[PDB]
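Asks: Please model the complete structure; the sequences and the hints are all you need to start from.
In case you want the letters, here they are:
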Amino acid sequence: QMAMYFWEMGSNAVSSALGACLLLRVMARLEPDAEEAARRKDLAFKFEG
Amino acid sequence: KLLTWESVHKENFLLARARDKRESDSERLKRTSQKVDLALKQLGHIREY
Amino acid sequence: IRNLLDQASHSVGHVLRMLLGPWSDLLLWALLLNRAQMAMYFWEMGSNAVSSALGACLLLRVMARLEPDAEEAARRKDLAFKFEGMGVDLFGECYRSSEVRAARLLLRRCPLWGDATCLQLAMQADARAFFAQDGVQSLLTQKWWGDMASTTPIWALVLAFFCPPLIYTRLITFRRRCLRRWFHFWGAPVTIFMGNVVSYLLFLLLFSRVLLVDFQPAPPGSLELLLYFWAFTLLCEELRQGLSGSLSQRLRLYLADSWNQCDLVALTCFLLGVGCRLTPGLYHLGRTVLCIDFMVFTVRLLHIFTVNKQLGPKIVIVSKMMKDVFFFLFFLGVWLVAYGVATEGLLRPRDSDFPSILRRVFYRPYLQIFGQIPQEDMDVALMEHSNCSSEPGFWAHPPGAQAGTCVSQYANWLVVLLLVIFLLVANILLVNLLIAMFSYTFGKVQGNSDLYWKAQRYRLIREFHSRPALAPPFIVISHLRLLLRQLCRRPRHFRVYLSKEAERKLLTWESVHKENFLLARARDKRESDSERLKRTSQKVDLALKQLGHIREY
Amino acid sequence: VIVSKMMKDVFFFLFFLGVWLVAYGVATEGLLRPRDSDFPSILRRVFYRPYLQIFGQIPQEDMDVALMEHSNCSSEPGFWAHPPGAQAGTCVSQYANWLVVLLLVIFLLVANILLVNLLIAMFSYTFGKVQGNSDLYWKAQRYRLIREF
Amino acid sequence: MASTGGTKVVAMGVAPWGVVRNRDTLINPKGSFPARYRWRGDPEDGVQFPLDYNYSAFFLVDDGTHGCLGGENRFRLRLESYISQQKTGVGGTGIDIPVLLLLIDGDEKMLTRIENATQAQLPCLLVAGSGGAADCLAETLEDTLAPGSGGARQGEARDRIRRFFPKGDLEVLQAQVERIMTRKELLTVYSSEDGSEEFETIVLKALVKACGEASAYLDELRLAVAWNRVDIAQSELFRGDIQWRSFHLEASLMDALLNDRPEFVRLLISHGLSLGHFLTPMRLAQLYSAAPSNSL
Ligand SMILES: CC(C)CCC[C@@H](C)[C@H]1CC[C@H]2[C@@H]3CC=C4C[C@@H](OC(=O)CCC(=O)O)CC[C@]4(C)[C@H]3CC[C@]12C
Ligand SMILES: CC(C)CCC[C@@H](C)[C@H]1CC[C@H]2[C@@H]3CC=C4C[C@@H](OC(=O)CCC(=O)O)CC[C@]4(C)[C@H]3CC[C@]12C
Ligand SMILES: CC(C)CCC[C@@H](C)[C@H]1CC[C@H]2[C@@H]3CC=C4C[C@@H](OC(=O)CCC(=O)O)CC[C@]4(C)[C@H]3CC[C@]12C
Ligand SMILES: CC(C)CCC[C@@H](C)[C@H]1CC[C@H]2[C@@H]3CC=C4C[C@@H](OC(=O)CCC(=O)O)CC[C@]4(C)[C@H]3CC[C@]12C
Ligand SMILES: CC(C)CCC[C@@H](C)[C@H]1CC[C@H]2[C@@H]3CC=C4C[C@@H](OC(=O)CCC(=O)O)CC[C@]4(C)[C@H]3CC[C@]12C
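Residue numbers (the deposited numbering), protein chains in the order written: chain A, 573 to 621; chain B, 1120 to 1168; chain C, 473 to 483, 503 to 512, 558 to 711, 766 to 835, 851 to 1097, 1108 to 1168; chain D, 921 to 1069; chain E, 175 to 386, 389 to 472.
Everything labelled a hint here was simulated from the structure, so no lab data went into it. It is possible that some hints are incorrect.
[What the hints assert, rightly or not] Under the rule of at most 20 angstroms between Cα atoms (straight-line distance), these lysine-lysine pairs were calculated in the PhoX-like manner:
id, chain 1, residue 1, chain 2, residue 2
1, C, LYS1160, B, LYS1160
2, C, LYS1120, E, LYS341
3, E, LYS182, C, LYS1140
4, E, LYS204, C, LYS1115
5, C, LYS1120, B, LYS1149
Replies: This is the structure:
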């Protein structure tokens, strides 16, 4: 919820929305469990859409 | 000038879906139930009369 | 129930022998007496909550088969759906938390429900939506690849199957330390199944080898007797499986499940092939039956591959397409009689033997659907004219060997026309309308059949576990271990063991996820817009009662 | 990009036919017994000659004895009727050739009627499914390709 | 049962061991039993009180023989002092936790109970209109220098203590009240018929008087963040003599960030922070230090 708001205040807002969606797909490949990854990868979908 | 034009369209878009959030029927039932109950608290302190 | 108690008084059926006149007990009572709202709550307080949700869904499908009326059964069977779909939703919370410990939920022995495994309680219950969810399907892959890391590739199972040295490599990761590595490879249900596929194609290779070449009228040779010793073990496996998987009560349940019939037809026919092949009189009839017998064993290979995760769903579809074929088979068979006899009546062949008259009214029109249109045998304008008949007409002998020696030519403008109408009905109407029937039912039944194949997948997976690891050529070694097992007793599946202390830690973690799930959907119930209108109307009216007692002022 | 997604449906057709091509092909080659039984030719009449019957090439004169000319071409005690084909064997049998005619009829019902028209049901379904995903997929790929050039 | 959603409120019932009468003597190997208590089975109701099946814990205290209710008192004041030393926030950083005694009416021993709480700096929260120990103290805290008649109330306190206590030794029962009233400010009166929904702010009101200039400045708004209650934090910042300085907002946003709480973050940025004096690189390293240990 805080990543959404910090996006809403800073500039570069299109690219930071894709830059967020970059790292969260990357971090979800680095999570050992399926429950933290799919929660991280769902928050990638929120920054993409 | 590329950023500030784009950040205008962010603050125009955030203040567009916040209006659609507040004017959703799920939020009018949220807000009216926070007004009827708040009107009942004004009725709780006239019962002593 | 009352009569069912009174039936059991003077005397699932074991529940009758167990129940006679705390949470668990209450729940049981509720279920037995259909207290539908109370069965839900008694589930919400007791432990074993996943298995009691499947154990509820077990009995309510059983009780709905024992209800004489349709109104109490369908009310009982609908309350089975509520315990299934809530056991689905509760396991989905448990699987998304700890995939290792939710896997231990299924393989746990609950002491209730006749000490049934939670996967076994779901397949007795025919709970297909419990097998549809990805927590059970991923757990079914792990048992299918039993101690072989179910994200294993397909091709490197094959290379390890033909190289048992390649088992002891960096590949095929798993979970006497040399001998421990051996049995966890070959005892897994992938390697048993592949050993039952590789051997069975070698049965079909051997069967074909003994059918196309090594089948001389003599008394039989090497490769024929090796086929007999082979299919004696296919008779043994199927027999043993059927008797295991009280004697003749298992028999009638074995004569259902229609691929067990095709296992019976194949072997039954096979015998009648070997029995006619060994007698000198019936040799040519003996080969004719064994050629039909090769087809039944080859279609038996199409039932072996319904365990596959890529083919299995599909194989189950083409049995659902049989109602569409039987309409094509009827509509054509109406139209094949209509076109075929009218053609054979218009042109009059002089060779009118019943094996040949029946060949030009069914077989020659049937082959026109598949491109074989003998114009020279039906159209006189492509024939050579002759006075081949003595009857007063014009004839024009056709060149075909089974078109009759001498057809007529009177209305052969119409036979040309009737061919044109036939190709419009058969190839254009009927073939392309069957694709409309296939494309529709493949839309319908696939969402049901893939829902159906999940449960079947589990059953199949479970089976191979009791099946021994050795190939059916070599399974005499495995069947003599069972015959020595029932003789060493005379002078005297998955089933993960839960520890006594690990059981409550399994339960209390699972009962946390129940109380977390019940307090999640109760919030979604209270925050529904139907409930906010429910609660505000209970607040406006209650605020109006505070206005009713100020009106006196 | 779609016809790579249709490969799972072809591989079911390729399996279901390959089951049925072994079943029809060996049972036909076992009923009629050609004397020319070389392994390049025995393998040609159990896979290749049934496979071509799916595509209109149905050699009746090579499977049905009633379209052949009868001869004592073999020495084994039966009735034979030499077929005219170059790779149908010099001398097939004729014992149960009512059934080879019947087994051809069952084959054309499974291969051309069941299997071909059930594959179109599989193609029409997955073209409904995967196209909304693959056109969503091809957009990104389009960009990558564009960037490359 | 009133709010059917709820969050299953937690309540530690610190009792003495020698009072619980239906002690099943829980399993001497390691204490791991799920052993159930026998609840209604007692014809006695004397000095043999049971334990209640409504508390999430029960810190039984074994002073001596089965008897009086005195041993557990020195434990809890030793306990609640330790609780107050413990900090609140993910990573052990934030505020010292707020502990407060709620004084519904008691006895002679209840007055010397809360003297020790003042000695360990506990903000007592006595309720007016209660009775024996509270209203004996509630009449004294409203009897300070400006409402009282100077030194004439020093003789009046002889009378009013006897009104709630018919029992003897009034002299130290007078004398210990001024020992309490040396503190006088780690103590507030819950005004009768003036709270019960404002209680959550009166609890808030007592802590600021307690922290008001040594105890790790509680700042009144950093506290509402740690309680995760948004409606307090707005009305504290929107109203109530709005004189918030820099560092009052600076450490408040830290606990809004370290503890997750994003709705408090939007409030503080709405009232504006520096973000160029806030994002000093110590605080970013502070922000990354509160990552969970078993993370990726
Ligand atoms: C020289 C002799 C000993 C070998 C005889 C040749 C064939 C009879 C063998 C060699 C390659 C084998 C195939 C290689 C690939 C596999 C994958 C295998 O898939 C699985 O069993 C696991 C997948 C699943 O069911 O989930 C099925 C058997 C199969 C087709 C094998 C079937 C039999 C084959 C054709
Ligand atoms: C009068 C002439 C045209 C013969 C008509 C007979 C047909 C009605 C029968 C004979 C052989 C049958 C086929 C032989 C092999 C099988 C495998 C079978 O595969 C499965 O679906 C297994 C799944 C399951 O049964 O659970 C599907 C039906 C099928 C194609 C049969 C489809 C219908 C056929 C053509
Ligand atoms: C696909 C739907 C429309 C049903 C159609 C079924 C027929 C196309 C099939 C089923 C039975 C078959 C017959 C089974 C028995 C034989 C006898 C056989 O004659 C002989 O045995 C002696 C040789 C000769 O002189 O023909 C010729 C073919 C025939 C009629 C077969 C021709 C084609 C038939 C009629
Ligand atoms: C035993 C006999 C019947 C041979 C069986 C082999 C087939 C499985 C293979 C051989 C050649 C293949 C084809 C050769 C050309 C390609 C192009 C290819 O086009 C794409 O989709 C590119 C898109 C992409 O891959 O990203 C699709 C598969 C296809 C049609 C192949 C489909 C399957 C085929 C027939
Ligand atoms: C489409 C699905 C059901 C799989 C079916 C595959 C077969 C239709 C294909 C794959 C391999 C092919 C064979 C590859 C090797 C040759 C050997 C070739 O014989 C010779 O080389 C010598 C010449 C002669 O005497 O025939 C004859 C055809 C044949 C069997 C081909 C015939 C058709 C085959 C069996």
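Asks: Are the hints correct? Go through all of them and say.
Replies: Evaluated hints:
| no. | hint | verdict |
| --- | --- | --- |
| 1 | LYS1160/C - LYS1160/B | holds, 14 angstroms |
| 2 | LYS1120/C - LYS341/E | violated, 54 angstroms |
| 3 | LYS182/E - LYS1140/C | holds, 18 angstroms |
| 4 | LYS204/E - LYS1115/C | holds, 16 angstroms |
| 5 | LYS1120/C - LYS1149/B | violated, 40 angstroms |
This entry does not satisfy hints 2 and 5, going by the numbered hints stated previously.
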